[PDB]
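Have a look below at one chain only, the form deposited in one PDB entry, in structure tokens format.
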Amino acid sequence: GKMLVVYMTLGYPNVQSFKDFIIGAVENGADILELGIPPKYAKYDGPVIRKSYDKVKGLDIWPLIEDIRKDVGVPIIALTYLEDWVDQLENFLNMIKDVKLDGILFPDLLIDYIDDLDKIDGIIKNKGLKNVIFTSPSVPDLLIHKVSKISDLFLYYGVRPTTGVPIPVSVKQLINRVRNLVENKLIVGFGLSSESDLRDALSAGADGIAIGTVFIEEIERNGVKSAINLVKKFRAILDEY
């Protein structure tokens, strides 16, 4: 079947409500968790991700990661910029394995560290960790093909960002043009998540979808239990395929 990947900003909105959402999300069918590590600097994050980072400013991040690791048994991927840890890439990857997370996803890996790709994949893989590689429409087709054969768990393909203007092309067509390039499992991630966009990706052959900002929005406007119920809804939609 199809994989439901659920993102949440570590500690958002508060520590107790964050664990409630994660546990509820996993109970309602999340297959993979992505946890957003608040960034040491500003980068390619949109308005609603940034505001989620604002509300957990100064969070003690490692005890919470440890804590949530004890609470749920699904694969957990750390979402953080290779930027914030390239100075210290060794004590980061050891800490990640120390607290028992399954892998990482560096969004800026293929952008700002493309020449370091093969070294960094090698080190991650020889720590037993998963290197989940981020791609997007601006990643050239042959690079996408390259990383599709090395990406662990799945290759991630991000469309519909909250920042900027979306590509005025149907998600069905966008995924049609990468599905045959990706030998891996293909997870399509969304900033804006219309149901039409999600069904377009699944019907175009994506092996799952990743969603996150939709949950941050639903929490702020209707609360954690409402956001948990959205997970149930997305699970049912993926279960139609």
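What we label the rigid core is the largest C-alpha set whose atoms superpose within 1.5 Å from one form to the other. Residue numbers count along the first chain shown, from 1. What changes on going to the form deposited in another entry:
Core-based superposition between these two forms shows that, of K43, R199, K51, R177, only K43 has its Cα displaced by 2 Å or more. The Cα position of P161 differs by 2 Å or more between these two forms after fitting on the rigid core.
Please give the other form, namely the form deposited in another entry, since only the form deposited in one PDB entry has been shown so far.
Coming up is the bare chain, nothing alongside it.
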């Protein structure tokens, strides 16, 4: 069936509400968790996820990751920017591996580190971690095809420049452009908060959906229960395929 990939900022809004939300997400149909590691520069993140990083400022993520890992059976991908760790990449990956995370998604790998794609992807695979590779309409068709053969678990394809911000964009047409290039599962994300925006991608070929900002917005507007709600709704929609 379709993959529902749920993003949340580590520790957001606080450690015990975060734990609450995650557990609820997993119980209500989240297939994969992507958990944000507060970066120095959230290059490709909209204002909502950037603010969510400010709120958790100071968080000690490692004991927390170990708590989550203990109970959650689903794959968990750390999400963070390579620029912040490239100088300590081996230790970073080894710590990601220590706390028993499944893999990593460096949003700026292809975009700002294309010359090191093969090297870094080997380092990650070599340590037994899934390298979830990130792409977008900014990546040329040939390269999309190439990384679709090596990305682990699924290939991520963001349809908008930055998370959260609803840039006008034809999702149906961006998916058709790439559907036959991606020899992988194809998970679509960035601004997919409306059923219409979400059903468009499913019916256009996508094997899954990735959603983050709308959950944080929900947590901030109405709270964690009301947000776990939203997961159920989204799981339902994907379940129609």
